[PDB]
Amino acid sequence: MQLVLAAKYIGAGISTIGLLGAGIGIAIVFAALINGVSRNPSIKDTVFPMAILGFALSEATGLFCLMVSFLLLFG
Amino acid sequence: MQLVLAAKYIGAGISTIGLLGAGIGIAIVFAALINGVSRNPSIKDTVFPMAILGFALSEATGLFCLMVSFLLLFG
Amino acid sequence: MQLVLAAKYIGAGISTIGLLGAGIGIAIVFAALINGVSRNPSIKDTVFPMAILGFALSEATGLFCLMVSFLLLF
Amino acid sequence: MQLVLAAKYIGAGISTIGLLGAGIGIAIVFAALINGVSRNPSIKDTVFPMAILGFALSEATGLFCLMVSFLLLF
Amino acid sequence: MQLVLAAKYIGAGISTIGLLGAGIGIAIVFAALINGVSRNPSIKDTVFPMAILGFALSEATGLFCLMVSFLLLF
Amino acid sequence: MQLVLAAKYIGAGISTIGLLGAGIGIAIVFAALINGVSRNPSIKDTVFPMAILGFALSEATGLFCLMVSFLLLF
Amino acid sequence: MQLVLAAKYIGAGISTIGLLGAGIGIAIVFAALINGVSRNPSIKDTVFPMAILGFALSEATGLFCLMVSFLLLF
Amino acid sequence: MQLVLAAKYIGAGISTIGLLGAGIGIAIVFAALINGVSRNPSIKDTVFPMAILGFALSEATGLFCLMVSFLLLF
Amino acid sequence: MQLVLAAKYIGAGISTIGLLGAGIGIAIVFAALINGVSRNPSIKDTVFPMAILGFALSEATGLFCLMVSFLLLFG
Amino acid sequence: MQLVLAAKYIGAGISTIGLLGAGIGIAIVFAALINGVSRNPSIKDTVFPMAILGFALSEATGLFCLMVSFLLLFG
Ligand SMILES: CC[C@H]1/C=C/C=C/C[C@@H](C)[C@H](O)[C@@](C)(O)C(=O)[C@@H](C)[C@H](O)[C@@H](C)C(=O)[C@@H](C)[C@H](O)[C@@H](C)/C=C/C(=O)O[C@@H]2[C@H](C)[C@H](CC1)O[C@@]1(O[C@@H](C[C@@H](C)O)[C@@H](C)CC1=O)[C@H]2C
Ligand SMILES: CC[C@H]1/C=C/C=C/C[C@@H](C)[C@H](O)[C@@](C)(O)C(=O)[C@@H](C)[C@H](O)[C@@H](C)C(=O)[C@@H](C)[C@H](O)[C@@H](C)/C=C/C(=O)O[C@@H]2[C@H](C)[C@H](CC1)O[C@@]1(O[C@@H](C[C@@H](C)O)[C@@H](C)CC1=O)[C@H]2C
Ligand SMILES: CC[C@H]1/C=C/C=C/C[C@@H](C)[C@H](O)[C@@](C)(O)C(=O)[C@@H](C)[C@H](O)[C@@H](C)C(=O)[C@@H](C)[C@H](O)[C@@H](C)/C=C/C(=O)O[C@@H]2[C@H](C)[C@H](CC1)O[C@@]1(O[C@@H](C[C@@H](C)O)[C@@H](C)CC1=O)[C@H]2C
Ligand SMILES: CC[C@H]1/C=C/C=C/C[C@@H](C)[C@H](O)[C@@](C)(O)C(=O)[C@@H](C)[C@H](O)[C@@H](C)C(=O)[C@@H](C)[C@H](O)[C@@H](C)/C=C/C(=O)O[C@@H]2[C@H](C)[C@H](CC1)O[C@@]1(O[C@@H](C[C@@H](C)O)[C@@H](C)CC1=O)[C@H]2C
Ligand SMILES: CC[C@H]1/C=C/C=C/C[C@@H](C)[C@H](O)[C@@](C)(O)C(=O)[C@@H](C)[C@H](O)[C@@H](C)C(=O)[C@@H](C)[C@H](O)[C@@H](C)/C=C/C(=O)O[C@@H]2[C@H](C)[C@H](CC1)O[C@@]1(O[C@@H](C[C@@H](C)O)[C@@H](C)CC1=O)[C@H]2C
Ligand SMILES: CC[C@H]1/C=C/C=C/C[C@@H](C)[C@H](O)[C@@](C)(O)C(=O)[C@@H](C)[C@H](O)[C@@H](C)C(=O)[C@@H](C)[C@H](O)[C@@H](C)/C=C/C(=O)O[C@@H]2[C@H](C)[C@H](CC1)O[C@@]1(O[C@@H](C[C@@H](C)O)[C@@H](C)CC1=O)[C@H]2C
Ligand SMILES: CC[C@H]1/C=C/C=C/C[C@@H](C)[C@H](O)[C@@](C)(O)C(=O)[C@@H](C)[C@H](O)[C@@H](C)C(=O)[C@@H](C)[C@H](O)[C@@H](C)/C=C/C(=O)O[C@@H]2[C@H](C)[C@H](CC1)O[C@@]1(O[C@@H](C[C@@H](C)O)[C@@H](C)CC1=O)[C@H]2C
Ligand SMILES: CC[C@H]1/C=C/C=C/C[C@@H](C)[C@H](O)[C@@](C)(O)C(=O)[C@@H](C)[C@H](O)[C@@H](C)C(=O)[C@@H](C)[C@H](O)[C@@H](C)/C=C/C(=O)O[C@@H]2[C@H](C)[C@H](CC1)O[C@@]1(O[C@@H](C[C@@H](C)O)[C@@H](C)CC1=O)[C@H]2C
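Protein chains in written order, with PDB author numbering: chain C, 1 to 75; chain B, 1 to 75; chain D, 1 to 74; chain A, 1 to 74; chain E, 1 to 74; chain E', 1 to 74; chain A', 1 to 74; chain D', 1 to 74; chain B', 1 to 75; chain C', 1 to 75. A prime marks a further copy of an entry chain.
One or more hints might be untrue.
To be verified - The calculated SDA-like cross-link candidates involving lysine to any residue, where the alpha carbons are at most 25 Å apart (straight line), are:
| id | chain 1 | residue 1 | chain 2 | residue 2 |
| --- | --- | --- | --- | --- |
| 1 | D | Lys44 | D | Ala56 |
| 2 | E' | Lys44 | E' | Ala56 |
| 3 | D' | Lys44 | B' | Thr46 |
| 4 | D | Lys44 | C | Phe48 |
The hints are simulated quantities; they were obtained by calculation from the structure and are not laboratory data.
Work the whole structure out from these sequences, hints included.
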């Protein structure tokens, strides 16, 4: 009981480390969005859906970390 | 219940590591906003809302980290 | 049995660290896609499938992490 | 009592690691300000408030880490 | 032998960490492929096999991590 | 209380890790200062105070780490 | 006996972390090859052997990590 | 006393991790110096003292790590 | 003498982490050699020895790591 | 005795982690050396002493890590 619960909680905190990837990744995408629109304003409608897609896929990796975090805390 | 409490506190500490991602990310987004507007002043009103969106989505990964940290501390 | 179960749950958490690589990586690919299309719009149809391939291969590395995490969890 | 107290101190230390993001991120913002102003001095008044907003938001992530640190310490 | 099995599981979790390098690496390669084809479309057939090669070699390093991870798990 | 004092010392060691962000950040700022003055010498008096400011803010994050580190040591 | 055996398995896992350098480094080399060949296709024959030398030396660092890993395992 | 002494020696080792920041940082500064002088030789006397200032401030962050390491060691 | 042996083995593992530095570093040096020669073919004979020197000095940091690893394993 | 020796050896392995900084740093310097000479071959004699200095200072940080490593192992 003690040792198992404690491990679940240490694990849950550790599980949030991977989120740093999405934090950096989402930003890399929006940076490219911003620089690409600055260089070529007319391409805006083409690249904005590309940035939304990029962000969502990168964010999905953080979600998977958070899922493990929640499984440990609750499941 | 000593070992479990101890684990909650170490876990809360560990849970904040992931915030370094939003720290760097938010900065990356604003860096691009600054560089983009330097190269092309007239694009400001178009890219500023993109930088705000980018900020918010990168920040969210930090929010999740802190949420787990506070669930371990208090929840 | 407690100690082993404890080790399984610690390990499962540690197994997610590697996902930061796919997070950053997937983004590096889409960043290139966006910059490449901004500089040269006519190249879009050629590079978009290259970005899909690149994203998928990068993500897979993180899915192998998740796989190990689930093996330990369950 | 003593094991819990020990954990608080270890946790307080671990809690400062994330401050490295703010340290790097603040620098990233000022780097762009400097490079932006060098390439186009006349844009200074426009980008300075952007740089202020940027580093303030980046620094805040570090203060959140420090918030947990001081919660664990006191 | 609770201690030994425990060590195998934690060690299996740790072994996946190195996969992040493959995640970032693979992305670095496809990013360059995309940027290179954008700047010079006619170079596509020459650089695409180079990109496959770079992906494979970078991926190999992920394979070795997963290999040690599976050896500890089974 | 061997356990508690132990925790203070390990925790003091961990608290210095975040200093690496200040180490890299400060460098990022001076790098940009140097690159900016190289490209545009006449901008020196305008960007130099910006660089001092960026250094100070990035350094502050290191200060907070050392602060938690000293609080645990004493 | 069992504590030492446990340590070997944990150590074997930790030992694969450094493979992330080779994973990223191999990619860095191929990225430069691709970008170099895109900007100047006629330099291909000159830079390819350089890229081979570069990634071989970078990959070797990862094999040294793996050498320790397998020493600890067997 | 053993446990505390053990914690001092573990902590001292951990206290050196932060030095990686000054290692990378000092290099970032000199890289800028070299690139700035290559692009604009006549700027050398102006930027060289800026590089000295930047290197010294970056290094100091790593010396504060070493300071903590020595406090724990002795 | 179980705890000490155990510590030698974990320490040896930890000692290899630092090799990721030479891995990335060596690559950085060769990347620059490749990009430099692409931009200016005629500089090859001048920069190749610089790349070799650069390789050797970055590699040395890995050598020291592995040296400590082997001292813990065997010495 | 046991616990102290074991800690010294775990510490020594941990002490080599910072070396990754010099591994990457030395390389960053030689990269700039190579790209700067490629762009402007005539500046070679001015920047090469700058790269030697940069390398030595960056390498000094790795030395400090290795010093701690050796103090733990032997001192
Ligand atoms: C891989 C699936 C991702 C979905 C991508 C969807 C892309 C489509 C586009 C059009 C989006 O929906 C977009 C840009 O409109 C969008 O994000 C919407 C929903 C959002 O309201 C936008 C407009 C917005 O203004 C943001 C910045 C909002 O102000 C802020 C409160 C939300 C931040 C956030 O991170 O949301 C998460 C994210 C959408 C993520 C996105 C997940 O979802 C949330 O986070 C997940 C778990 C995280 C860790 O993945 C969970 C808590 C529930 C969520 O709803 C949520 C919590
Ligand atoms: C989806 C997540 C994020 C949502 C962002 C939405 C952005 C839209 C734009 C228009 C914002 O409203 C914006 C740019 O105006 C803005 O940030 C405002 C509110 C802000 O006051 C700006 C201008 C400001 O001056 C900042 C720097 C302020 O001085 C400083 C004290 C706050 C920093 C900070 O990080 O706050 C958090 C952040 C808004 C974050 C941002 C959350 O929210 C707070 O922090 C979160 C936790 C963090 C870790 O996300 C939580 C405690 C609730 C918060 O109020 C808050 C506490
Ligand atoms: C997003 C939140 C951060 C604030 C951002 C504010 C942005 C707006 C602009 C105007 C700034 O305040 C800015 C750039 O002017 C600025 O930093 C001012 C305050 C500063 O005096 C300038 C002139 C300066 O040169 C600084 C770097 C000075 O050399 C040095 C002695 C102070 C450094 C410092 O980092 O202050 C802290 C930090 C802003 C932090 C970070 C807060 O705040 C301080 O510490 C906190 C508490 C600790 C726990 O953070 C509290 C005492 C208030 C503080 O003064 C303080 C302790
Ligand atoms: C160092 C050996 C690597 C081999 C590289 C070979 C390169 C040659 C090129 C032409 C490939 O065959 C290529 C690009 O066509 C290719 O990968 C094909 C087979 C692949 O189906 C492509 C087209 C594809 O669409 C991908 C995105 C596919 O849809 C997706 C489900 C697979 C992702 C993936 O990561 O697969 C791994 C990868 C090929 C890796 C790559 C291994 O293999 C797999 O993963 C490895 C383990 C990982 C961690 O290395 C192991 C389980 C064996 C695998 O099946 C597999 C599981
Ligand atoms: C957020 C507050 C920071 C203040 C920034 C102020 C910026 C304004 C500008 C004009 C400075 O005063 C500046 C550039 O002139 C300056 O630093 C002067 C005082 C300094 O002597 C310069 C010229 C110098 O030559 C340096 C390289 C000096 O030779 C070297 C021995 C000092 C390195 C150093 O890191 O000092 C720390 C730093 C100023 C830091 C900077 C703190 O302060 C010291 O270190 C901090 C702790 C660290 C981890 O922040 C603490 C012990 C107090 C310090 O004395 C000090 C210890
Ligand atoms: C610096 C040492 C590394 C070698 C570098 C060599 C550079 C020279 C060039 C010619 C290469 O060999 C190169 C690019 O041609 C190449 O990789 C060849 C071998 C490969 O067949 C090419 C065509 C290829 O597409 C690969 C990526 C293929 O798709 C895939 C199935 C094999 C991947 C692989 O990474 O092989 C390993 C790796 C080179 C490693 C890394 C060794 O070697 C292999 O594994 C080792 C043992 C394990 C523990 O490393 C042993 C069995 C020999 C191997 O084949 C092997 C297992
Ligand atoms: C100061 C440290 C380094 C010294 C470098 C000197 C460089 C000068 C130039 C001229 C070299 O001789 C150079 C470029 O020709 C060269 O590396 C040769 C020897 C090498 O065979 C090259 C061409 C080669 O083909 C490599 C990729 C070879 O195929 C592969 C099997 C070896 C990889 C490797 O990393 O070896 C180590 C490296 C030379 C390193 C490099 C050491 O040495 C070896 O590894 C070290 C340990 C590592 C971690 O440093 C130790 C076991 C002794 C070694 O022989 C060796 C084992
Ligand atoms: C901060 C002081 C540094 C000194 C910098 C000196 C700069 C001046 C220039 C001219 C150099 O001396 C230089 C470039 O000529 C040079 O390095 C010489 C000595 C070297 O022989 C060069 C020419 C060379 O060919 C190298 C690549 C050689 O083949 C290879 C075997 C040495 C690798 C190496 O890392 O040496 C270390 C380094 C000089 C370092 C350099 C330390 O010294 C050694 O490593 C230190 C500890 C490390 C961790 O700092 C210790 C083991 C003893 C050493 O001699 C040594 C072990």
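Problem - Numbered hints the structure breaks, given as an ascending list - result: Violated hints: none at all, because every hint is consistent with the structure.
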